[PDB]
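Novice: One-letter residues, chain by chain:
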Amino acid sequence: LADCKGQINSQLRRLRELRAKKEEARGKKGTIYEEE
Amino acid sequence: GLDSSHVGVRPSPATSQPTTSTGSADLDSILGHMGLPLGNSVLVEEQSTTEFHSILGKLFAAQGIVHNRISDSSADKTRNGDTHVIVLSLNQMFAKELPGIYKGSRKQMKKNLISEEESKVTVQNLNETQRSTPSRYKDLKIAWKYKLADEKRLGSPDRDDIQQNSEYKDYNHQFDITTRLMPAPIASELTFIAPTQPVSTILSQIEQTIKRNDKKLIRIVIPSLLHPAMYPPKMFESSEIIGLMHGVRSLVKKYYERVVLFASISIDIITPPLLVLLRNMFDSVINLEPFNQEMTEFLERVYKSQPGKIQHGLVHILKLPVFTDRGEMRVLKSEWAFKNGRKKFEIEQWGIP
Amino acid sequence: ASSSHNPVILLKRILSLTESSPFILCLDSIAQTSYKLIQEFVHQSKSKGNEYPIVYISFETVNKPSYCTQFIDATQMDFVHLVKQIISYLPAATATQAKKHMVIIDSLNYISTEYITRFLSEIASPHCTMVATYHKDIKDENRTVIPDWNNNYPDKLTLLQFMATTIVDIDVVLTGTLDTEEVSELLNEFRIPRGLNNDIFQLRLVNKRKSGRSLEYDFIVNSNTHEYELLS
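Chains as they are written, first to last, in UniProt numbering: chain P, 1158 to 1181, 1242 to 1253; chain U, 67 to 419; chain Z, 2 to 233.
Wrong hints could be hidden among the right ones.
Said to hold, decoys possible - Sample of chain P residues facing chain U (criterion: CB under 8 Å; computed from the structure): (1) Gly1163; (2) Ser1167; (3) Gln1168; (4) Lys1246; (5) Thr1248.
By construction, these hints were calculated from the structure, which means they are not laboratory data. The beta-carbon is built from N, C-alpha and C at its ideal position, and this holds for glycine as well.
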């Protein structure tokens, strides 16, 4: 349970939204450099 | 001259004479002496617009700074490692950009199997405890028996003791990308020379710079020489450069115990006449042939699924220290592949993939 | 990586100055002149809206360009003046946070090599974008330099290919009954046959990146609808 809580917290804290979406088919958009 | 027991008074498997290490294990091994005997000069070369040459031309100075920044008590004595570093270039901005001594974990030694996030800790955005970025074998130390195409005993068993035998191996320090050898030095370690000023001034200035030290090592490194970005047309005459190089040769051959020379340029835009007229002046020539877009296809085909096995070019050797002047042919072209990724500038024996 | 996943997108980003480029070089010849690419700049770099001063420094051109906003005649200025009466219109190397303008040089063949690098030193700023064309069919003057055995230095072409961060080559697409051999011949003895100097042309693109190898591709460019097609 402690591991699950830590995993959830770490997973939900590292959401940086990937503000380099090509700016600002195979991938169908070209957005996998460390995504998916 | 230089008193004994300096960092690089190592013997040589041929002459048993002083041979300071270039710092890179494969650069010390391929050269053929665990470095170069004092009084000789080396010419690393890059035939294209790539700029791998800008890497080594830093550590060769920085490693010297290392021996000038550890002046504590040795096993019993206080080791001498002072090496006045000189650069014949106006770019003072280069000074504050050198890689530093490498510490911390270098490879992975997981007790259990290597696996993904759920196995040990967390999401890998916070990395796992011991080591990340799988790269099994990372070069660490120096050896006196690491020469390529030489006898056996190619390994130094990560020895952690200081002795007279530690002059040979197990002292020299590794560096990496993010490491920084801070703080920046002072005039005690780095001396910059403006190249655009006339050679008559440059020669006397470098004379006075070397002579003011009496029993200390002098290292000379030129990052880039004779390039349009920082040089005037007047210096491209066939007289000035050759005469300056002749003076440099005269002085380095005079002080065969306390000075060396290491310069490297790009020759994609150099007239062959001047190139081979100056290539005969010093006593070591090494070329580099980086890979191009037609072959990176097969590079990733054969090195597929590898995060640290990707190479970047091939190596040529055309001249080496004195023991090639005795009538032996030793030119070798495009047989060893050099890699400078994010770890461990390495040389591996293979031709085209 | 996750940027410029199509060559056409890269070309359009270059053309519209979305990504800054300190230096770009374009090569042409007599078989196809290079004033259509300025039209490409004008049309493409206006979708993003660059009405910023498009200075047209001129050495030989007789007419005043409509598509540009400035006009400078340099048949009476020396090097130091030529640098000095351009920093005013351009965003000179002051005001470390400022805009960027457009620079069009009509010709590169009339300038002595001895100052070439300096002409890119006193002006190079993160505010300016140098655009100039190079005619390859004019062999420069070399009596003054006296290329003897003791007076040597590299030639203009290599310096131009070295200090450039992006290179584009222009060629005329063969359409009718003329092939490269006889075309080059007839040009050598100057008969200039029909089938030359059209708006539909072809380009070769070489784009250089920091710490790496450049990329080389080819393009087919029309000067009528401003549309592109990458080499198959």
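Novice: Compare the structure with each hint and give your call.
Specialist: Now for the hints, and whether the structure bears them out:
Because the beta carbon of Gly1163 (chain P) sits about 7 Å from the nearest beta carbon in chain U, less than 8 Å, this interface hint is met. This hint holds: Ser1167 (chain P) has a C-beta 5 Å from the nearest C-beta of chain U, less than the 8 Å allowed. Below 8 Å, beta-carbon pairs count as interface contacts, and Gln1168 (chain P) has one with chain U at about 6 Å; its hint therefore holds. A distance limit of 8 Å between C-beta atoms decides the matter here; for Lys1246 (chain P) the minimum to chain U is near 22 Å, and the interface restraint is violated.
Because the smallest distance between the Cβ of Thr1248 (chain P) and any Cβ of chain U comes to about 18 Å, over 8 Å, the interface hint for this residue is violated.
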